[PDB]
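Starting off, we have a lone chain in the form deposited without this ligand, written out as structure tokens.
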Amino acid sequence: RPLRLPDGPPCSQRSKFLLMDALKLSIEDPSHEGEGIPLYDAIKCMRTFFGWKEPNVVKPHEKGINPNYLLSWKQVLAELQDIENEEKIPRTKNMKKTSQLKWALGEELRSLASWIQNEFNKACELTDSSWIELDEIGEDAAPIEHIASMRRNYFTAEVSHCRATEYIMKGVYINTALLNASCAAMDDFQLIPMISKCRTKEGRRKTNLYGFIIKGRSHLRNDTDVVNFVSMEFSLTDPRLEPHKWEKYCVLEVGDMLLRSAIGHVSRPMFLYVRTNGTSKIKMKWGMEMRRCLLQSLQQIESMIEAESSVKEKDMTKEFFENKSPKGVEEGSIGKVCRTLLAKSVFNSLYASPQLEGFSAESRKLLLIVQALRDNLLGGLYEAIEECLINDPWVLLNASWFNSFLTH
């Protein structure tokens, strides 16, 4: 009996930042005065681009004040130009408390849509760049033993370039910046660049700018207290292709970018995805810990090597990772297994919800019952599972996956 997924309008994006749709302005081997200070790096990235034009709304937010989102972007650009006019670049920039920002800062069943499976597939892919160091994974006090070290190196080599690892590092950077600003600049509408760093295939350092957030007032006395923010994220994705995805956003067209492509140089509109959002102290602390997805994925891999090693009375680390009893890998390669596990862990973090906790607990129970029936040959459990299937894209995708598992 397959799970009944809800009927309704398609589900929409609810991540704290863009995933597959993100666009970076980047600088390579940066060495300007103040290299490493987020605002300085942001300005350097912004300075690489000369394609801006008069911005306009291309996908209105159905429940927001569209003119205020437009004003907010124009204010970022003007306040950055104000800095260029000053003698020195200040370490942080606090935005004028304009009417548009005061508004923006706050001072139902849905059906599964194809975009979330597509996000997940993109999260499993390899990128050109590496996102973590060779010794990134682990927190051990002492030096790791030989077999542990071997496993970490093999795993790290499969995931250091994975898109999901970019999302981890993006997530760590932005949550670190917003949590720090929430403490250090409680009354300020601080401009917070969305930054990541990577190493190119050629070995060069690269600093990336995805966009900006502006925070609101943030007197976060308890873990559950919320800081509001407005995010402004670059993209080449035309929001008119899948408008249901972008329910929570006002989308601007803000520039044009020249790109290399299969047909030679082409010019494409550059968009800016704008939304109001919020996060709590506890959520930011978890965001800061997203590197744990790597440890937890490695541990899942290590558990399987341990099982095989136990059987063959021999360490099976090399045989597992080199794919040397099994005649293949269902996902296609060991590397794809590593990345798929990682991507699931990262999406569990990015799309954390109570719907997800319930679905996860309840579905595991049903799995175990159905396997016991399958190997050897109710409602209430089903209602517990299906009550979690409301509108969350990640939970719905996972329910769709569960149903495939049942058909087979």
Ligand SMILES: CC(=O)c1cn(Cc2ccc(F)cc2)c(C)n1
The other form holds:
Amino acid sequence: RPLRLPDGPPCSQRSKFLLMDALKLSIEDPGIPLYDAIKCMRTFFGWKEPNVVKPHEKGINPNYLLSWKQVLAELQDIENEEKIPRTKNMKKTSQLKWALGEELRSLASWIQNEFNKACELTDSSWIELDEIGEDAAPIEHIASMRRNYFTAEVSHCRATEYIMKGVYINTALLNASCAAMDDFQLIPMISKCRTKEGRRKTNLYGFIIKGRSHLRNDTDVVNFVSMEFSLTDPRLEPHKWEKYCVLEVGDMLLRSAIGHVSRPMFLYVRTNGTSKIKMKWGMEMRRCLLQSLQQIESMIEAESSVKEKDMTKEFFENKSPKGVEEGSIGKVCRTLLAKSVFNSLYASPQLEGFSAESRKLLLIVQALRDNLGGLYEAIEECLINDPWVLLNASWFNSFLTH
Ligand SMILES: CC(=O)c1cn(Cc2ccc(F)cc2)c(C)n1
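Would you mind generating the form deposited with this ligand bound now that we have the form deposited without this ligand?
Expanding to the full complex; the earlier chain stays at the top.
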């Protein structure tokens, strides 16, 4: 019996920042977030008077518009002051006070598309060669080989960009939460990468503005407004953007498969919140790299025990198994990594419940397949509205039909 997935309106985006829909303004950098952000802004000349093109149905849309216009205005002030300050504390306007706070859903196709996008390779590297690991001593020879092979396959992976993006914004927000407790601080969303030719690049995805943050404990919430560039027209999948007000803010000139084209640039705005403990996990997202490697190392040490010989080279160079189901060893590494990253990006008690209880039903059907309710209500009580959980339930059902 397949799990019954819930009927209802399509599920909507709930990550802390854009994933496949993000857009970067970038520079080849010659280290202070706000200076880097302003230089990134200055690379774009297609800005225009912003307007709402997908309203937030439950929020105050004029306040989101006023908030983006305030960002541009206060950045314009910074540009007129002789020095550029290290940080920028927003005026406590009424639109920002409002925005900072002072049901069954069915599976939609977008979340699978997000996951496919996370597995892809980008044209830039997002981690250094020795990024993975915490070891006090030098690693032994086999451990080194395995980490180098693995890193070669995931260093350019889109899921790794999400890791580093996530690490940056969580560190910046958490640091601001105790260094500027009473300020509506403007926090640029930045990542850094290296192009195939070795050039260092600094990327701006947008900004967040934090609310008051007297975080007395791990579960105290700090609210924030995120404002994120995108080329995704929200009118194509409106259900995805239930939680957002979306602005059109510019026009960008692009190289494409039909030469130069001009496409509108959007700004995805929502209010959100996070806690000390979730920001600490966000700072730890590089462990996804380490957890994924360790799942690969289990597979290598299984083939190795059987062959009475270390199988690291034969595993990563694909030289007994007669193929790779996902098509390449590279795709297996990036698939494992994307699962770990999405578990972190989309963490929830629904995911936790689903993971524990679906594994129980897994082993039971495995033992029935090899040798021939209640647990179902436990799993299916986690199938409410979360895109990541619903997708994983959809995947589990394929593992059942097969
Ligand atoms: C209307 C609009 O959207 C707009 C956008 N810019 C670009 C800009 C703004 C602030 C900066 F600190 C750097 C660049 C300008 C000048 N107007």
